[PDB]
Structure formats: structure tokens, C-alpha cells
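Trainee: Here is what each chain is made of, one letter per residue.
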Amino acid sequence: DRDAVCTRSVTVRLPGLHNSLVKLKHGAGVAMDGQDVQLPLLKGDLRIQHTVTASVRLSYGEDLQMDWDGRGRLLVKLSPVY
Amino acid sequence: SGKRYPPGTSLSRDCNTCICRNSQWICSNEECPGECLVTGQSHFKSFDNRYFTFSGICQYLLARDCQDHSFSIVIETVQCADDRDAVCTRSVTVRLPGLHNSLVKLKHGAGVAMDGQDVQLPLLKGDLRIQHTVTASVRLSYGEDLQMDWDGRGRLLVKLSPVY
Amino acid sequence: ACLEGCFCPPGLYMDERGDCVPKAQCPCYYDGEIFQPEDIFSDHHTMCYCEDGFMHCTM
Amino acid sequence: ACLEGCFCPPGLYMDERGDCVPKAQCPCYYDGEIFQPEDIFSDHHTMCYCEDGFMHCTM
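Protein chains in written order, with the deposited numbering: chain A, 435 to 516; chain B, 353 to 516; chain C, 682 to 740; chain D, 682 to 740.
Simulated from the structure, these hints should not be mistaken for lab results.
Ideal Cβ placement from N, Cα and C applies to all residues, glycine included.
Some clues are possibly wrong.
[Stated by the list, open to error] In silico BS3-like links for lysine-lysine, alpha-carbon gap of 30 Å or less:
| id | chain 1 | residue 1 | chain 2 | residue 2 |
| --- | --- | --- | --- | --- |
| 1 | A | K477 | D | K704 |
| 2 | C | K704 | B | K477 |
| 3 | B | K511 | B | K397 |
| 4 | B | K477 | A | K477 |
| 5 | A | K477 | A | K511 |
[What the hints assert, rightly or not] Here are the simulated distance ranges between beta carbons:
| id | chain 1 | residue 1 | chain 2 | residue 2 | range |
| --- | --- | --- | --- | --- | --- |
| 6 | A | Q499 | C | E697 | 20 to 26 Å |
| 7 | B | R365 | A | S489 | 51 to 57 Å |
| 8 | C | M728 | B | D366 | 49 to 55 Å |
| 9 | B | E383 | A | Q499 | 54 to 60 Å |
| 10 | A | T445 | C | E697 | 21 to 27 Å |
| 11 | D | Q706 | B | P449 | 37 to 43 Å |
| 12 | C | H725 | A | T445 | 14 to 20 Å |
| 13 | B | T361 | C | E697 | 46 to 52 Å |
| 14 | A | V515 | B | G386 | 58 to 64 Å |
Could you put together the complete structure from these sequences and hints?
Mentor: Listed below in C-alpha cells is the structure:
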């Protein structure tokens, strides 16, 4: 159908660290700067680990969350600082 | 090896071939890749097919490209039992000046860590490929002239092509 | 080479979760992305799906 | 929170291979390194082992 448009992937961009580029992949996969990456991913600020082992969760600092963009159920958590 | 072969036959070593002619095997002398092996507690093998043991506990230099600096490998060794004569490998560090001057670390699991970051397998970067082999053992592959083997419980191997 | 280890019979292919499975539900890894075995999937301009482990894209 | 999903009973803890296991053979992840459940392990100066999922280091 033409009236069926779902999400494939989402790209996140952190100018605060390297001006890197994170990509959330239609699996539970993530790719930083083209590189596929194991979970957990403790870098300084952002933590990327599974939740139920079937869903990814980014956590940049304390003022940001994400949710699995595998089959396209993206969520966010923006604290009131924004 | 105590068994006969007719003339004209061409038995082959892993390195090259040899052919029976007038009771005399003719052979090439063309080079073939060498292997430095670590295993056991502290049992080493050289490229030149030497064996020995050195139960030292420090960050020793296993291997290195020494006329240029394409790479460098660094074992890290640890005592590995109650006995003092039990020194096994924990981890090995690899360093590629050719890409970012990065720093790869092979971890006592099947884990790898690039520059402090844990990483999923496969790891296709431009040159180096790091993927499991049996899903219980890691294999690095820098270009075509280099391999590695799992340093989980400490059975490190290498493959250096004759360019080195 | 002809290596030594834990395989499972040729009808079964290895899944990520330690089981190995027939190729029916064997997902696709297009762009790396782990597509479920039935995933219809397309921009305006491309047209792509995961059949059996292979990802059939078109334009 | 009190989340919803696939767990296994409290005697069993989750292993990497999709099974969950009691804590006896539950490996250690010291420095990330996946130590088998019995791994005696030490420099000259430190002294470390994996007991049950925890890595007991000393000096």
C-alpha cells in the first residue's frame, strides 16, 4: 500500500563528543561512524545497552534517552532542561 | 620418512613442492609464512620454529615491524595459578599506526576493545577485519599480510606473510 | 579451510541466539540491519524486502 | 522500573548464549574480559580470580 510508511532507521548526532554520528539500525543494531558496535557501549556520556535483550536504549548523559528503532517504535526522554 | 615413492612424483610440503628425479628430491626454496605461537602457560614459539619458555610477568614486546612501523604487538602476561611457575596470558595489545594510530586490545573473553570501546564482531574497517571463527574465538585480519587468534584463555597465534 | 568445531546439520543455519535455524526465518543483514524474515521496506524510489535471509532490493 | 518481558526464575541468571544459568558457571567480566567460571589469574603484583560471576582481585 501507498499508505504504509514506517521507519527504517534513525540517525543521532552528538556535537559534544567528536561530532560523531550514531546510527540506529532496523535490527537491534547500532553503528557509530560506520562501525558496528557491541552493547554495552560506555563512552564518557552516552551509554547504549539492550533493555530486554531485544531493544536498544541510548542514554546520553542524564537528559536524554532513546528507544529501539528496529521495527520503528522510536521514543525519547527530554528532561525539562530543554 | 621411511617410505618409498616412484620417480616423477611430486610430494608437497606446506611450504613448497619436491619431485623425485634420480633418487634425489629437487626442491624450491621459496619463502612461506611463519608463525609465532603463544599457548599453555608460557610456552612460546618463534617465527623460525624455535621453542622455549620465559615465565615473565610484564608487558613484553611480542612482535613488531622493525624497519618501518606498520604494526606492533605487545603481550601482557600474568601469573595464572597458585604456583609461581604458572604464568599465562591475559590480554594482548595491537597497535596500527596505519589507521588512526589506533590501539586494539584483545580481551580475555572473546572480547575486543578499540581505543577503550567495546565492539561487535564483525568489525569491517578499511583494512582490518575482526570476526569470530567458531563463535568462540576471535580472528583479526589486517589487510592480507597479518592474522591473529583468540587471546581469551591465552593461545595467541599470528600469520606473517613473507613480505616481512 | 575444512575447520573443526560445533556446526549443525546443513538444513540448519546459525542464528544469533545460539540456536541454528532453517533459512526460512533466517533474518537479513542489509546495511547490517537485522531485518525480520518478512519485512516490506522501501523509500519512494527504492523497493526492498527480506525474503529468506537475502534482502531483495529494486528501484 | 518494574519492567515487562522474558525473564527466567531467580535461581537462574542470564548467560550470553540465550540460555540463563545459575550463578555457578556465570562468567566474570573484569575489564570486560569474559573469564570462565574458574580462572586463576595474576601479575607478579596483583592476584585475581573469577569465582562465581564476581572477579576477586587482590594485591
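Trainee: Determine for every hint whether it applies to the structure shown.
Mentor: Verification of the hints:
| no. | hint | in the structure |
| --- | --- | --- |
| 1 | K477(A) - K704(D) | holds, 28 Å |
| 2 | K704(C) - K477(B) | holds, 28 Å |
| 3 | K511(B) - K397(B) | holds, 13 Å |
| 4 | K477(B) - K477(A) | holds, 19 Å |
| 5 | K477(A) - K511(A) | holds, 19 Å |
| 6 | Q499(A) - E697(C): 20 to 26 Å | holds, 25 Å |
| 7 | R365(B) - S489(A): 51 to 57 Å | holds, 54 Å |
| 8 | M728(C) - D366(B): 49 to 55 Å | holds, 50 Å |
| 9 | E383(B) - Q499(A): 54 to 60 Å | holds, 57 Å |
| 10 | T445(A) - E697(C): 21 to 27 Å | holds, 24 Å |
| 11 | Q706(D) - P449(B): 37 to 43 Å | holds, 41 Å |
| 12 | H725(C) - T445(A): 14 to 20 Å | holds, 19 Å |
| 13 | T361(B) - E697(C): 46 to 52 Å | holds, 48 Å |
| 14 | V515(A) - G386(B): 58 to 64 Å | holds, 59 Å |
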